[PDB]
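Of the protein chains in this complex, all but one are displayed in their positions.
Order of writing sets the chain letters: A and B. Residues in each chain are counted from 1.
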Amino acid sequence: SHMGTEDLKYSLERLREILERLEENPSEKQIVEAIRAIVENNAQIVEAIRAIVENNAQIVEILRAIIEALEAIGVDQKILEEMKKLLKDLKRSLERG
Amino acid sequence: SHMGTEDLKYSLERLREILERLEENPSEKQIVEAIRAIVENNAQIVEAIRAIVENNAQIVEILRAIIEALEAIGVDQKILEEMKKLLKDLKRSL
Partner (left out) sequence: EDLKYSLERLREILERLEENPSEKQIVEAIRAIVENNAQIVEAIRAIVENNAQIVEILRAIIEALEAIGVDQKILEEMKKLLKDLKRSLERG
């Protein structure tokens, strides 16, 4: 279970610990242990990015609903147009799965 | 081509397989194998982040447009200064 970016700081600090332990008394098993740790840190980095991406997708949904609110109340299409173009573009260049 | 975060998931599983093999039977060839796959998974991560940072600035520009519209149509100055301050306190952090 990924809980937040503190998972990333804790797994990074553990990796820094292994690193100094490696450079002090190098050894193959220490090298494998560093790689093991790197994989744990990377697995948590990936989990964070997936969350952030879903987050931004959900932000786009809120932004679309907001544009609808402004339209449902009679705001000028002159104004809505610029917002609709920017959101269209963002929806195109959005990082997704 | 970076297609999305599914790339990160796919390069990560690959690195995990390499790691299991390395751990059941270590070897110098697999250690370099793993380090190569780490640089790969990391390159894609840097690609996703790059894309997220550009996405984020696009989101902020849309927020500014929304707030500028709100002012145009006569929202109250209390909430208006409240939103403009949030944007300024974001502009600092960036």
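One rule holds in what follows: a residue touches a chain if its C-beta (ideal position, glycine included) is under 8 Å from a C-beta of that chain, and two chains touch if they have at least 3 such contacts.
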Using the document's contact rule, name the residues of subunit B that touch the chain not shown here. 28, 31-32, 35-36, 38-39, 42-43, 45-46, 49-50, 52-53, 56, 59-60, 63, 66-67, 70, 73-76, 79-80, 82-83, 86-87, 89-90, 93-94
Where the missing chain touches subunit A, by residue: 4-6, 8-9, 12, 15-16, 19, 22-23, 26, 31, 34-35, 38, 41-42, 45, 48-49, 51-52, 54-56, 58-59, 61-62, 65-66, 68-70, 72-73
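Please note the rule applied: only the chains that are shown with their structure count from here on.
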Approximate Å spacing (C-alpha centroids) for the pair subunit A, subunit B: 4
